[PDB]
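K.L.:
Use the sequences and the hints to build the structure in full.
Protein chains: 4
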Amino acid sequence: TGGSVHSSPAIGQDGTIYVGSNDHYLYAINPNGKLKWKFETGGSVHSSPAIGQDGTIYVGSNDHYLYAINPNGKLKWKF
Amino acid sequence: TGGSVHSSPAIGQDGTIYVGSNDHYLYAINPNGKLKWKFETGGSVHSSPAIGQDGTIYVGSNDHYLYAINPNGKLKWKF
Amino acid sequence: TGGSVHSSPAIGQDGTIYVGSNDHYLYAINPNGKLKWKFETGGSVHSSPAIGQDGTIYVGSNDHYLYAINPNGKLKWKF
Amino acid sequence: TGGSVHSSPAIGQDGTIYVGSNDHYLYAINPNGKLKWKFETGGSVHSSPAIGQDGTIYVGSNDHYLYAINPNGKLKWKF
Ligand SMILES: [Zn+2]
Ligand SMILES: [Zn+2]
Ligand SMILES: [Zn+2]
Ligand SMILES: [Zn+2]
Ligand SMILES: [Zn+2]
Ligand SMILES: [Zn+2]
Ligand SMILES: [Zn+2]
Ligand SMILES: [Zn+2]
Numbered sequence: 839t840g841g842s843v844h845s846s847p848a849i850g851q852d853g854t855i856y857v858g859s860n861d862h863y864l865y866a867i868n869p870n871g872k873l874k875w876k877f878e879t880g881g882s883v884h885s886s887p888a889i890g891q892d893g894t895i896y897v898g899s900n901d902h903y904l905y906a907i908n909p910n911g912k913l914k915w916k917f
Numbered sequence: 839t840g841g842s843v844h845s846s847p848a849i850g851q852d853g854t855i856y857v858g859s860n861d862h863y864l865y866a867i868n869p870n871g872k873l874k875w876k877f878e879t880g881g882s883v884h885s886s887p888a889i890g891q892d893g894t895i896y897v898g899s900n901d902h903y904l905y906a907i908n909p910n911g912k913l914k915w916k917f
Numbered sequence: 839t840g841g842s843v844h845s846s847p848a849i850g851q852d853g854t855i856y857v858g859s860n861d862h863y864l865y866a867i868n869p870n871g872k873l874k875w876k877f878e879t880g881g882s883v884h885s886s887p888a889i890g891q892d893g894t895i896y897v898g899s900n901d902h903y904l905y906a907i908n909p910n911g912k913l914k915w916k917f
Numbered sequence: 839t840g841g842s843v844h845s846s847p848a849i850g851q852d853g854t855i856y857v858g859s860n861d862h863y864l865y866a867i868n869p870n871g872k873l874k875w876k877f878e879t880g881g882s883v884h885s886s887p888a889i890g891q892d893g894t895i896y897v898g899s900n901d902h903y904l905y906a907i908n909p910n911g912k913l914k915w916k917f
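Sequence order for the protein chains is B, C, G and L.
Take any residue in the first sequence, note its place counting from 1, add 838, and you have its number in the working numbering.
Take any residue in the second sequence, note its place counting from 1, add 838, and you have its number in the working numbering.
Take any residue in the third sequence, note its place counting from 1, add 838, and you have its number in the working numbering.
Take any residue in the fourth sequence, note its place counting from 1, add 838, and you have its number in the working numbering.
Calculated from the structure, these hints are not laboratory results.
Heads up, a few of these hints could be off.
Unchecked claim - Calculated pairs, BS3-like style, for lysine-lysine (alpha carbon to alpha carbon, straight line, at most 30 Å):
1. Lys912(G) with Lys874(L)
2. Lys912(G) with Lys876(G)
3. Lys916(C) with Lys914(B)
4. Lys872(C) with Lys876(B)
5. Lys912(L) with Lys914(G)
6. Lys874(B) with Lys912(L)
7. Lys874(B) with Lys914(B)
8. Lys916(C) with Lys914(G)
9. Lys874(L) with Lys912(B)
10. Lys916(L) with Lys876(G)
11. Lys916(G) with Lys874(L)
12. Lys912(C) with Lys914(B)
13. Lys876(L) with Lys912(B)
14. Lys916(C) with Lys872(C)
15. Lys912(B) with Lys912(C)
16. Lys916(C) with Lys912(G)
17. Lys876(C) with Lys872(G)
18. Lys912(G) with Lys912(L)
19. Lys916(L) with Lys872(L)
20. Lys876(G) with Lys874(L)
21. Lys872(L) with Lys874(G)
22. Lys914(G) with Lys874(L)
23. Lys916(C) with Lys874(G)
24. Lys912(L) with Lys872(B)
25. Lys912(L) with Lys872(G)
26. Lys874(B) with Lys916(L)
27. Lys912(C) with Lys876(G)
28. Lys912(G) with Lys914(C)
29. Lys876(G) with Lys914(L)
30. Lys914(C) with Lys916(B)
31. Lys874(G) with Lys914(C)
32. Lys872(B) with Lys876(L)
33. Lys916(L) with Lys876(B)
34. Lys914(G) with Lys916(L)
35. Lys874(G) with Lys912(C)
36. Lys914(L) with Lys874(L)
37. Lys872(C) with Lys912(B)
38. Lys916(G) with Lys914(C)
39. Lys876(L) with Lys916(G)
40. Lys914(C) with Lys876(B)
P.N.:
Encoded structure:
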């Protein structure tokens with residue numbers, strides 16, 4: 839990555855490892871080690887992501903925002 | 839929100855995203871992005887909430903308190 | 839409690855809420871709100887407890903120790 | 839251990855307790871209390887490990903790295 843990983847990884851149903859980092863990013867990583875995508879946030883992602891029934895990744899950041907991100911990496915919504 | 843989200847989101851059985859923030863609040867957010875309710879606490883909510891069989895949300899805060907909150911947003915009890 | 843709750847609560851199979859606090863303690867709390875027991879540790883319990891198949895509560899502390907605690911509150915072992 | 843345990847323990851399917859520590863290590867501990875193995879990292883392991891279907895332990899560290907570790911203790915990959 840590019841920042842310390844204080845976030846705890848969540849594992850998708852397809853096996854994808856979802857984790858945040860204090861480099862302002864959220865990383866989706868395949869089990870083989872290659873990166874699926876990364877979603878840039880406005881602050882350090884200290885929160886551990888959560889996965890719902892639809893596969894949406896819910897993670898908070900140090901920019902007052904709670905990000906909802908689709909499995910493909912596009913932003914669903916943000917609070 | 840109004841504060842950095844160091845808390846990790848818990849996802850309800852109905853799909854509701856439960857998360858805390860260091861703005862002293864606990865947020866219940868629908869999957870569509872709209873807010874269900876928020877419960878104000880006496881300190882920054884750094885702990886990640888937990889959900890039991892009855893749907894009660896258990897989360898700790900930086901005010902020495904462990905809050906138990908019903909799914910509708912009213913306080914069950916606090917330790 | 840007596841200290842800020844940075845630990846995230848784990849919920850037992852009987853419904854018991856297991857959480858730590860930075861007052862050096864680990865708290866087991868019944869869903870009704872009354873306390874089951876508390877196990878004193880040598881440092882602030884910042885880690886979130888985990889529960890295994892036998893009901894043992896595994897939680898780390900800021901005293902270099904990883905505590906294993908039986909459901910009744912007595913120490914199983916510590917690393 | 840040799841450092842404060844800010845990481846939250848993950849419990850394997852065989853019962854093994856996987857946890858990190860700020861002594862730069864990741865600890866795999868049998869339920870009897872004896873250590874299975876430890877994997878040294880380049881920074882304090884503040885993240886809580888996660889376990890996938892294959893039993894791989896995914897944990898982040900304060901050295902910008904996301905470690906993937908096989909159940910036997912050898913490194914799968916790292917990001
Ligand atoms: Zn760094
Ligand atoms: Zn930053
Ligand atoms: Zn801020
Ligand atoms: Zn405050
Ligand atoms: Zn205090
Ligand atoms: Zn202390
Ligand atoms: Zn120390
Ligand atoms: Zn160090």
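K.L.:
For each hint, tell me whether it holds in the structure or not.
P.N.:
Outcome of the hint check:
1. A distance of roughly 24 Å separates the Cα atoms of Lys912(G) and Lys874(L); the hinted pair therefore holds under the 30 Å criterion.
2. Straight-line distance between C-alpha atoms of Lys912(G) and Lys876(G) comes to about 10 Å, which keeps the hinted pair within the 30 Å bound.
3. Between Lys916(C) and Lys914(B) the CA atoms are separated by roughly 34 Å; this puts the pair beyond 30 Å, and the hint is violated.
4. Using a Cα cut-off of 30 Å, the hinted pair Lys872(C) and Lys876(B) holds, with the two alpha carbons roughly 25 Å apart.
5. For a cut-off of 30 Å, the pair hint linking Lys912(L) to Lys914(G) stands: about 28 Å separates their Cα positions.
6. Using a Cα cut-off of 30 Å, the hinted pair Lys874(B) and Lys912(L) holds, with the two alpha carbons roughly 24 Å apart.
7. The straight-line distance between the Cα atoms of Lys874(B) and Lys914(B) is roughly 17 Å, inside the 30 Å bound, and the hint therefore holds.
8. Among the hinted pairs, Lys916(C) with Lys914(G) is consistent with the structure: their alpha-carbon atoms are about 28 Å apart, no more than 30 Å.
9. The suggested pairing of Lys874(L) with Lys912(B) is violated, with an alpha-carbon distance near 40 Å, which exceeds 30 Å.
10. The straight-line distance between the Cα atoms of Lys916(L) and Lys876(G) is roughly 39 Å, outside the 30 Å bound, and the hint therefore fails.
11. Note on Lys916(G) and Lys874(L): the hinted pairing holds, with a Cα-Cα distance of about 15 Å set against a maximum of 30 Å.
12. Taken as a hint, the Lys912(C) and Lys914(B) pair is honoured in the structure, with Cα atoms around 28 Å apart against an allowance of 30 Å.
13. At roughly 37 Å between alpha-carbon atoms, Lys876(L) and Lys912(B) are farther apart than 30 Å, so this suggested pair is violated.
14. Of the pairs offered as hints, the one joining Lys916(C) and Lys872(C) holds, with about 27 Å between alpha carbons and a cut-off of 30 Å not exceeded.
15. For the hint linking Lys912(B) to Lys912(C), the alpha-carbon distance of about 34 Å lies beyond 30 Å, and the restraint is violated.
16. A hinted pair counts as satisfied when its Cα atoms are at most 30 Å apart, and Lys916(C) with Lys912(G) qualifies at roughly 25 Å.
17. Simply put, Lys876(C) and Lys872(G) have alpha-carbon atoms about 25 Å apart, close enough for the 30 Å limit, and the pair holds.
18. Proposed proximity of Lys912(G) and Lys912(L) is contradicted: the alpha carbons are some 34 Å apart, above 30 Å.
19. At most 30 Å may separate the alpha-carbon atoms for a hinted pair to count; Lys916(L) and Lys872(L) meet this at roughly 27 Å.
20. About 29 Å separates the Cα atoms of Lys876(G) and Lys874(L), which keeps this hinted pair within 30 Å; it holds.
21. With a C-alpha separation of about 28 Å, the suggested pair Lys872(L) and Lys874(G) falls inside the 30 Å cut-off, and the hint holds.
22. For the hint pairing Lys914(G) with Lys874(L), the CA-to-CA distance comes to about 18 Å; that is within 30 Å, so the pair holds.
23. Distance hint between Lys916(C) and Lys874(G) is fulfilled; the C-alpha atoms sit about 15 Å from each other, no more than 30 Å.
24. Taking the CA atoms of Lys912(L) and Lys872(B), the gap is near 18 Å; set against the 30 Å cutoff, the hint holds.
25. A hinted pair counts as satisfied when its Cα atoms are at most 30 Å apart, and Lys912(L) with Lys872(G) does not qualify at roughly 45 Å.
26. Note on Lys874(B) and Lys916(L): the hinted pairing holds, with a Cα-Cα distance of about 15 Å set against a maximum of 30 Å.
27. A threshold of 30 Å between alpha carbons decides the hint, and for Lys912(C) with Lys876(G) the separation of about 27 Å falls inside it, so the pair holds.
28. In summary, the hint linking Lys912(G) to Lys914(C) is supported, as the alpha carbons are separated by about 28 Å, within the 30 Å threshold.
29. For the given pair, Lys876(G) sits about 39 Å from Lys914(L) by alpha-carbon distance, which is inconsistent with the 30 Å threshold.
30. For the proposed pair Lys914(C) and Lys916(B), the alpha carbon gap of about 28 Å is at most 30 Å, so the pair holds.
31. Among the hinted pairs, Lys874(G) with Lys914(C) is consistent with the structure: their alpha-carbon atoms are about 18 Å apart, no more than 30 Å.
32. Annotation: proposed proximity of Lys872(B) to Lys876(L) holds, straight-line Cα distance about 25 Å (limit 30 Å).
33. In summary, the hint linking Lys916(L) to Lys876(B) is supported, as the alpha carbons are separated by about 16 Å, within the 30 Å threshold.
34. This hinted pair does not check out: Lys914(G) and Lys916(L) have alpha carbons roughly 34 Å apart, beyond 30 Å.
35. For the hint linking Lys874(G) to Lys912(C), the alpha-carbon distance of about 24 Å falls within 30 Å, and the restraint holds.
36. For the proposed pair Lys914(L) and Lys874(L), the alpha carbon gap of about 17 Å is at most 30 Å, so the pair holds.
37. Between the alpha carbons of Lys872(C) and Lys912(B) the distance comes to roughly 18 Å, so the proposed pair stays at or under 30 Å and holds.
38. Between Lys916(G) and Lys914(C) the alpha-carbon distance is near 34 Å, which puts this suggested pair outside the 30 Å criterion.
39. In summary, the hint linking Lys876(L) to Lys916(G) is supported, as the alpha carbons are separated by about 16 Å, within the 30 Å threshold.
40. The suggested pairing of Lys914(C) with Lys876(B) is violated, with an alpha-carbon distance near 39 Å, which exceeds 30 Å.
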